[PDB]
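Just the one chain here, laid out as structure tokens, in the form deposited in one PDB entry.
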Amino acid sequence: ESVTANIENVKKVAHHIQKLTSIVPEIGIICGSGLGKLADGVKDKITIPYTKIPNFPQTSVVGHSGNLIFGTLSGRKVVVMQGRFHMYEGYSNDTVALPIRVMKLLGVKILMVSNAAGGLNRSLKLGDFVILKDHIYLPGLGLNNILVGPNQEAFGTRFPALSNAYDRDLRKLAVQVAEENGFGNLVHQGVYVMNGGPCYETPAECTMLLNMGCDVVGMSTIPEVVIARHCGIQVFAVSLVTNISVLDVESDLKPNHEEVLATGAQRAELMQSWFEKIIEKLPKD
């Protein structure tokens, strides 16, 4: 489980970070599919490798450590997480939760996140943006909920509600910004379902998930969202449709990570612009 995401450990990490930077983030951004360039474009940044933060969880992309990036974006103070902790990697609940709880103590009020997802809904097109308006946490309904274990009262309640988990005001703003900027047609809202992974979904699985009312399927994000809502951080989440789910076994169509990465790199520029323009218009401030 590594180090417990309790108030004492989370404070020690926040304080270490606060010695490394004077940027107090209002907005946290977890870089997923399509956000690689956003991460790169933060103004007046300070980059802190995970390896330099005692008790911060460790992750790499082929040996290269993840980073926390502080600075501004559209004139608002941000922390960007470049490097995520996916459960199919075997990370514990505490490992995944600790960074989100650190954001809470640093001052984050709003969390923005992207991911790659397979398009289940038959109206979706490759490269579409699907704003999350709800989710189905399959691991969580099992006994693999990120909050399973003693509750950390300092951060939230034993039985958190997930009613308005995907803040309806942030969703309205995101849609407006897309419409205003000419790409409203690329933007949908939908139900995201988590497959613990790391296998792509079989056609029978995709058919089942579609019939359950799911619009997109992915392997990430929900656990971070749950920790965020648990501690009162407002959440905005987007899936980039990186492949269209195959519903028939007798198809030679096949999911592959290469094409998922490619759709991500191709949409990165537009996704960056969307996020920067949302941020410019975020409520208050």
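If you superpose the two forms and keep the largest set of C-alpha atoms that fall within 1.5 Å, you have the rigid core. Numbering follows the first chain given and starts at 1. First, how it differs from the form deposited in another entry.
- After superposition on the rigid core, the C-alpha displacement between the two forms reaches 2 Å or more for just one residue among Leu270, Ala14, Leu20, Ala265, namely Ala265.
- Core-aligned CA deviation for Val235 between the two forms: less than 2 Å.
- Here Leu35 counts as shifted, since its C-alpha moves by at least 2 Å between the two forms after the core is aligned.
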Given for the second form:
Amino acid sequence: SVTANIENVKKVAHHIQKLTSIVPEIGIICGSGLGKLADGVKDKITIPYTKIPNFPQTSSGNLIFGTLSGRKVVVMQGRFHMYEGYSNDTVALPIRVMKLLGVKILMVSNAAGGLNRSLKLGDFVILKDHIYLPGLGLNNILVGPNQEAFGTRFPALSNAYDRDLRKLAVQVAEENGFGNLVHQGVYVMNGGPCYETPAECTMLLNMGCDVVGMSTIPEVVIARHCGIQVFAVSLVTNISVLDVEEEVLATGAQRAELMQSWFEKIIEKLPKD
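Pass me the form deposited in another entry as well; I've looked at the form deposited in one PDB entry already.
We keep it simple here and write out only the one chain, dropping partners and molecules.
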């Protein structure tokens, strides 16, 4: 792992800038099986991680540059999860690279378990807040010397999930007839990689959590630290079992396609400087 300090992050950024002339305004991270939720990318340039010195490596991932709905984007195909053993610096670096490349808004998707009992398989839950269990317990991604070039020692997490972006996302869903699928709620991070027990799920639900997953929050924290606005959404891929105690099942990719359309239509309506 290389330290995600300004000098290391600049070297990686400068290197990418030799490989593409596209200056992204929007960063997109697609979650576990949510790829292509960003690949109507027009006039694209594809940069494999292996091509970028000091950029983290997947256990084949790509950085994809291009235009979506008239706007310049960079899409991370392949994310870094704390349960895999990646360091704080490894996970922070891509987001800080995004900042140096010009990203102003980060759009994140993930798959999550539905804790809230009103949730259905296939629902979208826009994150309006989070509970960073690892961070409260001394594994916050910002532990260590503060990189001052990027942000302040004690970032506030007020309006972490930009309310104006959430409003827009909801309006876009409604306008395109899938508003009934969209909720807003609190995402809690389980460091993982075990799925949550019923007692764990009950505790988390009672803590005020709506969905649970193993990712996203660390990226959000780094984004907010360096002043990137954040939009994040969970796809509810399963309903959490709350108490201890064999059919033909379809597992299609329609929701993935829907989410892709959703992100494209949001980007279409984002403000542009």
